[PDB]
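Student: Single-letter residue listing:
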Amino acid sequence: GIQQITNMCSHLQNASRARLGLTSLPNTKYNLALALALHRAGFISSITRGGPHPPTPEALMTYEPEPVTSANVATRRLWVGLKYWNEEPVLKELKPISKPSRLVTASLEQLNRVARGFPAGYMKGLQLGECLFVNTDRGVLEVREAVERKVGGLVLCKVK
Amino acid sequence: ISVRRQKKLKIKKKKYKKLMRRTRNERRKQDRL
Amino acid sequence: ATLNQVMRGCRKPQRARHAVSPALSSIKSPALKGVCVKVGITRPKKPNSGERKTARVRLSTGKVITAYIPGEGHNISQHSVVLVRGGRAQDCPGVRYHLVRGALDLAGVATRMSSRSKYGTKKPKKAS
Amino acid sequence: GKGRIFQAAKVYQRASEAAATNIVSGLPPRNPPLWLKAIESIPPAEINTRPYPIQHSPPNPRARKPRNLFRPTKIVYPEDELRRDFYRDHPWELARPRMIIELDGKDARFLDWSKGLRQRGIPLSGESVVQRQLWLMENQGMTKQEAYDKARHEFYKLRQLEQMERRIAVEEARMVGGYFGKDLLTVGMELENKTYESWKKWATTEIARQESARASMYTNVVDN
RNA sequence: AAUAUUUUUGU
RNA sequence: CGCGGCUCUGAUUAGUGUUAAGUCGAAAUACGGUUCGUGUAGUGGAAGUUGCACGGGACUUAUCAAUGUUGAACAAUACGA
RNA sequence: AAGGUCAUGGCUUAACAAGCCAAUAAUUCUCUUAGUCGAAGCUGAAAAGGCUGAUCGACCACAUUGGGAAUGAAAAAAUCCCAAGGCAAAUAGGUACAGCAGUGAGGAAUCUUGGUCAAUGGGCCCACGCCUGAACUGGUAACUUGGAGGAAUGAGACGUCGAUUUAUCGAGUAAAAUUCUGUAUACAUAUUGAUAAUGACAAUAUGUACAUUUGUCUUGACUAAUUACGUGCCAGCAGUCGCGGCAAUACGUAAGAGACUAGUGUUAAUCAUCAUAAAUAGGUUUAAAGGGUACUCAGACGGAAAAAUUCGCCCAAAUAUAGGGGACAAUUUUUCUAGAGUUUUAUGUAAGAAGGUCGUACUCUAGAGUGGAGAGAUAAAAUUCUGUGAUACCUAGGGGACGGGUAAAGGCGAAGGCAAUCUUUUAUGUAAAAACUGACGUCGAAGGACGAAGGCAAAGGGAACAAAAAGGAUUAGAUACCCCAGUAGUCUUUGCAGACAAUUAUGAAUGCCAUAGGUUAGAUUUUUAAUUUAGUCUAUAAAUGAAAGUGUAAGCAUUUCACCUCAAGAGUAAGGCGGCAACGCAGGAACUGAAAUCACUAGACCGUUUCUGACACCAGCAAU
RNA sequence: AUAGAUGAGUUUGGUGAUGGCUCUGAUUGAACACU
Ligand SMILES: [K+]
Ligand SMILES: [K+]
Ligand SMILES: [K+]
Ligand SMILES: [K+]
Ligand SMILES: [K+]
Ligand SMILES: [K+]
Ligand SMILES: [K+]
Ligand SMILES: [K+]
Ligand SMILES: [Mg+2]
Ligand SMILES: [Mg+2]
Ligand SMILES: [Mg+2]
Ligand SMILES: [Mg+2]
Ligand SMILES: [Mg+2]
Ligand SMILES: [Mg+2]
Ligand SMILES: [Mg+2]
Ligand SMILES: [Mg+2]
Ligand SMILES: [Mg+2]
Ligand SMILES: [Mg+2]
Ligand SMILES: [Mg+2]
Ligand SMILES: [Mg+2]
Ligand SMILES: [Mg+2]
Ligand SMILES: [Mg+2]
Ligand SMILES: [Mg+2]
Ligand SMILES: [Mg+2]
Ligand SMILES: [Mg+2]
Ligand SMILES: [Mg+2]
Ligand SMILES: [Mg+2]
Ligand SMILES: [Mg+2]
Ligand SMILES: [Mg+2]
Ligand SMILES: [Mg+2]
Ligand SMILES: [Mg+2]
Ligand SMILES: [Mg+2]
Ligand SMILES: [Mg+2]
Ligand SMILES: [Mg+2]
Ligand SMILES: [Mg+2]
Ligand SMILES: [Mg+2]
Ligand SMILES: [Mg+2]
Ligand SMILES: [Mg+2]
Ligand SMILES: [Mg+2]
Ligand SMILES: [Mg+2]
Ligand SMILES: [Mg+2]
Ligand SMILES: [Mg+2]
Ligand SMILES: [Mg+2]
Ligand SMILES: [Mg+2]
Ligand SMILES: [Mg+2]
Ligand SMILES: [Mg+2]
Ligand SMILES: [Mg+2]
Ligand SMILES: [Mg+2]
Ligand SMILES: [Mg+2]
Ligand SMILES: [Mg+2]
Ligand SMILES: [Mg+2]
Ligand SMILES: [Mg+2]
Ligand SMILES: [Mg+2]
Ligand SMILES: [Mg+2]
Ligand SMILES: [Mg+2]
Ligand SMILES: [Mg+2]
Ligand SMILES: [Mg+2]
Ligand SMILES: [Mg+2]
Ligand SMILES: [Mg+2]
Ligand SMILES: [Mg+2]
Ligand SMILES: [Mg+2]
Ligand SMILES: [Mg+2]
Ligand SMILES: [Mg+2]
Ligand SMILES: [Mg+2]
Ligand SMILES: [Mg+2]
Ligand SMILES: [Mg+2]
Ligand SMILES: [Mg+2]
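Protein chains in written order, with the working numbering: chain A, 198 to 357; chain B, 2 to 34; chain C, 44 to 171; chain D, 264 to 487.
None of the hints are false.
To give an idea of the interface, some chain D residues facing chain A are shown, with a C-beta separation under 7 Å as derived from the structure:
1. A272
2. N311
3. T312
4. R313
5. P314
6. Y315
7. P322
8. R327
9. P329
With a straight-line Cα cutoff of 27 Å, these simulated DSS-like cross-link-like pairs (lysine-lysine) come out:
10. A:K357 <-> D:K273
11. A:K289 <-> D:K265
12. C:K88 <-> B:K9
13. B:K18 <-> B:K8
14. C:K96 <-> C:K166
15. C:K55 <-> C:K71
16. C:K165 <-> C:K76
17. A:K289 <-> D:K328
18. A:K347 <-> A:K357
19. A:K226 <-> A:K347
20. C:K165 <-> C:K96
21. D:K369 <-> D:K337
22. A:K289 <-> D:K273
23. C:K106 <-> C:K76
24. C:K106 <-> C:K71
25. C:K81 <-> C:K96
26. B:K30 <-> B:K14
27. D:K328 <-> A:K226
28. C:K89 <-> B:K9
29. A:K347 <-> A:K321
30. A:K280 <-> A:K355
31. B:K16 <-> B:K30
32. C:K55 <-> A:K296
33. C:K161 <-> C:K71
34. A:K280 <-> D:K273
35. A:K347 <-> A:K296
36. A:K292 <-> A:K280
37. D:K328 <-> A:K280
38. A:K357 <-> A:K280
39. B:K18 <-> B:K30
None of these hints come from the bench; they were simulated from the model.
We put the beta carbon where it would ideally sit given N, CA and C, even for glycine.
Start from the sequences, fold in the hints, and give me the full structure.
Tutor: Here it is in structure tokens:
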């Protein structure tokens, strides 16, 4: 549920704050959705699921994970490659919005306003470098992707 | 709460505890216990 | 506070603050008329020193307030109908009102040349 | 926060901006520092980024929530188990001094362990037995014990000749008029004398000192 | 090592 | 007409606020000169003080009788502050 | 089952059944207050913004107060009937200005006892026409808004005024004077408001004519703007901080200066300021504020991979018919094992309870013990003990409660709390592997249970300690601190009671973040010594914080409960609830304020530690 | 509706916080004083 995305937002911050090369996340359908959005946005390096130990860094991309059946699903995990440039992390902040206590849904007319630095609803305008991820019917897109696809949905988190 | 301020509450609760004793019999005559 | 605690009514108004002139603030009136009950003198508190001219007044509503007499020299006494306005003597406890000097019975300072509007003094009409 | 903000990695980015424009608006920027162009194309390396360290041993596969994923692991070789077995069976082999100070690092270039225990550059010690054992055990397909016996007996035949040379070399020199200095046995005894004498001085001094304590226990100041 | 008299006030 | 509620008032009586210039002590802040506070139960003109358990917002404020070493001779073309 | 209805519905009726709604207030009751609403008015950058509920529109109610019916298509009346009081009236049987104007009263405060039905609307009428205090128009008020309210020239009247440097600094292009305009307004003319006709009253256009007031606040800082004299904590000023005690930029005068202007200030009020009740969007270690505890009903929140249903969510509105998209969401179904649980006697362990005991010391009795004058107390003493033989040293019988070492930064329970010992008895928790159930989970208002010491009630016990009461000292006084003695009480059993610095000054829980040095109970191993699980404790990194500091959290996030909204009054009053009582729970307002409050920094002080100087002291001599 | 988000004085020996109060802005079916 949304509780998993919240834990993922905090952990990715703590990992970047600790300047760690690799980071692990529980293998779930929801976490893989946001992870692909961060990777497609350019914040993380790669995503590969594996066991409790990280894959061989030399062959990260070439890593051939084994099938995920009920005999090992309890041990799988998503291994994310963090990014650091110019003595500063690329995923500094991952402030969430939709928490378990309240789910915030935004409309297309509002995302069009938030995409240009103007508040709308329980959100605030996006400034230089910021980024907003929205969970919609077409997957976990970015506010600028959802605005292009003309759809609204559930706001997940804001990335700086 | 500091100790200096706690002594302000200490004097208030004592003077009250001391007052309810003095007027205990008077409050018993009027059925105000 | 959690959203649930707010749903049950945890947000209550802040405790009210006392007004400088309750008799006027309570009924939303700018001024009231009262009969002077006593014209005496009040002493300021620790820092200030002197004899502040005050007047115990019984407003039309019924409240008995203590008003301050501004200016130098007054002509009011027992049973004087005077107009009371808001204000307060910052150094005199209980003196939470002022008296208009161009009021019904209270006269304005005749030897006032500056701020005559504050003391109800007509212009001297020297040339006129 | 006892630390300080160190910006040593951005000395170029900072110096490059301060030298782009002039403080006195309306004039061209003065020449930059002489070092700004030298390291123009030599950026710093990435620091403070914990990677997955090299695993010198198969990590525990049964662990579901493993810790210390960013901790350097211990370097263990197959020889470590052989060194412990040999030197434990030959404890006094450690008394034989061995130099661990390398000359040029090119010592493993002339080591061919198919010839024998005696190699070029390294002394005949418990390591040569280990390296010879590991070779036979791997190449010749011998067991740990079999290879150990073979490599261990070659070590003895070479050490025996070493002790026989010292005895004969001295005896041979005196048969032609060759005299030597003080052997180690004599020098060792002379040193014990100088130390034993110092202990005797300490014993007699303390012994006499204890007599005063024994007499001071009782009181005889009255001189009855 | 186990010792212990009293000693208020300051527009 | 009865009951209940509500407002005003009441001999007598209680608490508290304010007011530089009075009197009596010196409880706290230093080891405040009896460690101070919490609870509870007594007691004293007043602050206070006493028993019982509890807290540190007081003792981490801590700083050697292990008294501190001939740890392999000497001489050489070795060695040379 | 039947009737009724367009149709549906105990809507209606008959016979059976005992159900339906709610459990956290459905239902009912008391008190206080109010006409409701709208971008209608005001206000904010903004929030499902805030406030008001005038003028405008919609809705509700009322027409002196209270109690009522009929007529009619429809009560939708200032009607009608009845009662009471006020005015009037008497055998009468009217009136109630919250209809317009107006009068009195109240109040800080709000208008003409006009004209006309010409226009718009309405009622009556075949028609003409009659009636209209609605309405349209004139009047009063700076209450508000909008506009006018005068522009250009102006240097030698070689004058005047105030300062002072007689020439400096100003009044000052200011004035006078000259050249133009004809603004508000006045008057005339014309058109128009109206047309079938009707004009109460006025607007608009054009022509001609006239150049008409200053007032007020401020002047220490916030806050734009200065001196002089007088006054002397007096008189006074003040929105806040403050000013005034004899050379006051703050008071009162005079002059100058700053600003608004037919207005200007003041008082009152509202919004914003204020993230200052924070849904957006807060916070609770030391500053207001974590509940004593966690089992738990309701209630919020909570895995994996699929499917049905809703069509929630989105396109996406206008409160959108009917559809589309399927990530997420709600109910539900099938599987899964990472959460939470069960089994395999763990080890270890002062959780708890029952029945019993052990021992060191203390105390009591006896042995007409030994011994024969002191003992104990305190800084010193006194009260006190002892010749009726004490203290001291023994013997033999009892009697109560206590828990030495081990012992540690140790451990155990939800907390409170638990430390001699044996038997009996009881729930969690931790390690290692396997197996099993398959989201069964976390938090949790309320209720209930538990809850230290002290206390109340009843019966036991009573050695020791010790509130009270009492005495002896100290002291200026001494209830006190000290001392001689000493009752409740402490202990046992059965109840009440529920307050604590019930503390980690830090609620519980989940996910997550880099190291090191100790330590506790286990596990594994090449059991030497290193890995490792769950705890606890020091010192750090990133970070965080007001800082102190924390750093298995006071960090990054999340869930949920409790609690906080300046000080003081006050955790107080009143009513109520619980209790035998003591007291507990709950819980205001008036009066008075501009501050309360936290951490840190540097000093000073200490009947504070360790030092360093000095006839400071000791000693000696001399002197007063 | 895309220009709309602002501070100041005041606690302390002093610094940094916390937390009020007051001023700055707009307004009234307003009243009063001097005009
Ligand atoms: K301390
Ligand atoms: K759907
Ligand atoms: K005897
Ligand atoms: K435990
Ligand atoms: K005693
Ligand atoms: K109980
Ligand atoms: K540890
Ligand atoms: K009270
Ligand atoms: Mg507090
Ligand atoms: Mg004041
Ligand atoms: Mg003036
Ligand atoms: Mg003035
Ligand atoms: Mg003093
Ligand atoms: Mg009375
Ligand atoms: Mg004391
Ligand atoms: Mg004292
Ligand atoms: Mg003390
Ligand atoms: Mg105490
Ligand atoms: Mg006593
Ligand atoms: Mg202290
Ligand atoms: Mg009303
Ligand atoms: Mg009404
Ligand atoms: Mg009227
Ligand atoms: Mg009337
Ligand atoms: Mg009147
Ligand atoms: Mg008409
Ligand atoms: Mg008509
Ligand atoms: Mg007609
Ligand atoms: Mg004209
Ligand atoms: Mg007509
Ligand atoms: Mg200024
Ligand atoms: Mg001040
Ligand atoms: Mg002045
Ligand atoms: Mg005007
Ligand atoms: Mg607590
Ligand atoms: Mg409680
Ligand atoms: Mg409490
Ligand atoms: Mg659909
Ligand atoms: Mg299953
Ligand atoms: Mg299985
Ligand atoms: Mg499990
Ligand atoms: Mg056991
Ligand atoms: Mg005898
Ligand atoms: Mg016993
Ligand atoms: Mg405890
Ligand atoms: Mg013990
Ligand atoms: Mg629970
Ligand atoms: Mg409860
Ligand atoms: Mg008890
Ligand atoms: Mg008891
Ligand atoms: Mg009893
Ligand atoms: Mg006494
Ligand atoms: Mg007990
Ligand atoms: Mg306790
Ligand atoms: Mg709790
Ligand atoms: Mg412990
Ligand atoms: Mg620490
Ligand atoms: Mg924080
Ligand atoms: Mg309070
Ligand atoms: Mg309470
Ligand atoms: Mg009460
Ligand atoms: Mg200091
Ligand atoms: Mg001297
Ligand atoms: Mg002397
Ligand atoms: Mg003499
Ligand atoms: Mg201070
Ligand atoms: Mg603050």
